[PDB]
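Shown next as structure tokens: one chain only, the form deposited in one PDB entry.
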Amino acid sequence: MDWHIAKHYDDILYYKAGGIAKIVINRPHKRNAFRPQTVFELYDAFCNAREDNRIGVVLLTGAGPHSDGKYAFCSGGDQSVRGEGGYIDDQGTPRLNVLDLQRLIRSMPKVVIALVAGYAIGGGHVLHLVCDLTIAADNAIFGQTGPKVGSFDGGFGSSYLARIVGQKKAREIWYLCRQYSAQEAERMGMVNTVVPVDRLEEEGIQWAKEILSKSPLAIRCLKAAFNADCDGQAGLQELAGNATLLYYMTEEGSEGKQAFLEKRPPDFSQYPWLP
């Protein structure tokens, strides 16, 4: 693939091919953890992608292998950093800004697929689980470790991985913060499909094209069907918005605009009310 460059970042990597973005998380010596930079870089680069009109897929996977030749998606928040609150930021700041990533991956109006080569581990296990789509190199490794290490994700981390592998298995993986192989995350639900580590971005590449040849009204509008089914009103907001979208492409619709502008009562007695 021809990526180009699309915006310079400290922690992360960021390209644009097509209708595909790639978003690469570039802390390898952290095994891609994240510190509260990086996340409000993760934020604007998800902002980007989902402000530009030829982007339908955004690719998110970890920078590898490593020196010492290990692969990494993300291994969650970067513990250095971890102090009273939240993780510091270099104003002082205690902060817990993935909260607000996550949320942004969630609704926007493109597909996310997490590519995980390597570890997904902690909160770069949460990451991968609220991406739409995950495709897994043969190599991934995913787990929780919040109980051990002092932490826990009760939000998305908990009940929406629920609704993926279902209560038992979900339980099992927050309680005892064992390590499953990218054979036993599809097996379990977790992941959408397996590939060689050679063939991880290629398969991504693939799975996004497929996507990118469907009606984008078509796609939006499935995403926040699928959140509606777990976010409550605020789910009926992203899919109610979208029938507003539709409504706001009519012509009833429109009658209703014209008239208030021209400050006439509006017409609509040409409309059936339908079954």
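Numbering follows the first chain given and starts at 1. Take the two forms, superpose them, and find the largest set of C-alpha atoms that agree within 1.5 Å; that set is the rigid core. First, how it differs from the form deposited in another entry.
- Here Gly18 does not count as shifted, since its C-alpha moves by less than 2 Å between the two forms after the core is aligned.
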Contents of the next structure:
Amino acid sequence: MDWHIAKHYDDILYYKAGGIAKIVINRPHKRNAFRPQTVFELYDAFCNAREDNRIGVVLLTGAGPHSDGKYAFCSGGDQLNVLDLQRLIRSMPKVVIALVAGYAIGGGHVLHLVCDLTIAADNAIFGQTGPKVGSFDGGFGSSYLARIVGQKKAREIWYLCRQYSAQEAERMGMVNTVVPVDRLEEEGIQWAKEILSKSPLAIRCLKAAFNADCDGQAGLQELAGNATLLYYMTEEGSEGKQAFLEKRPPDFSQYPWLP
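What I would like now is the form deposited in another entry, since the data block earlier showed the form deposited in one PDB entry; can you produce it?
Shown next is a single chain and nothing more.
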């Protein structure tokens, strides 16, 4: 659709159209690797998307192709940190969809993993690099990967640091669907619109519920936090707000203790 520029950044591009935001890593001369400035700007853009009551879905992608003809989603750290960014993407009450063309490698692979969903172009290439280049992500990069592809495949991914095609990535369970390169944005927009027709409260509650299977008390904070928000929107929940407004004690005596 007719995207409009939402904010200006050095290392990324940021657009909105209706209920969809699009965040584009824009360092194709570095295979869309993030430097600290890029992490800061990504974090800032995702915060903005979080603040916007109109935005229900964020598409995350890399600018491409580069002038060498190759595509990259994100190739990781360029040789707030990315852990802050991982947490924001994971916990924000909007659905984030990674649209991966070409390389999603290293820190860039973990970025795709922590997005709710991933749509891959058929030229996409996935994998980790840490043990080969001198790093590791033993956080969401390991445990959460295992909750997606299972323990055997997740260990293989990290120990060997091989590259995996889009088809292999879908088969192992870490990519939701694969489409041609020229259909990638359209597919992302279609999936976004399907989500945008849903109940925003139901969606945010489900996202918290999925996090709660992984994130212990931090997941409980998100899930219970949503319960509190819902409570505020009930008749019983509003008795507190109005009892104070009229300067009287709150009275919950008329409310049932449901089974």
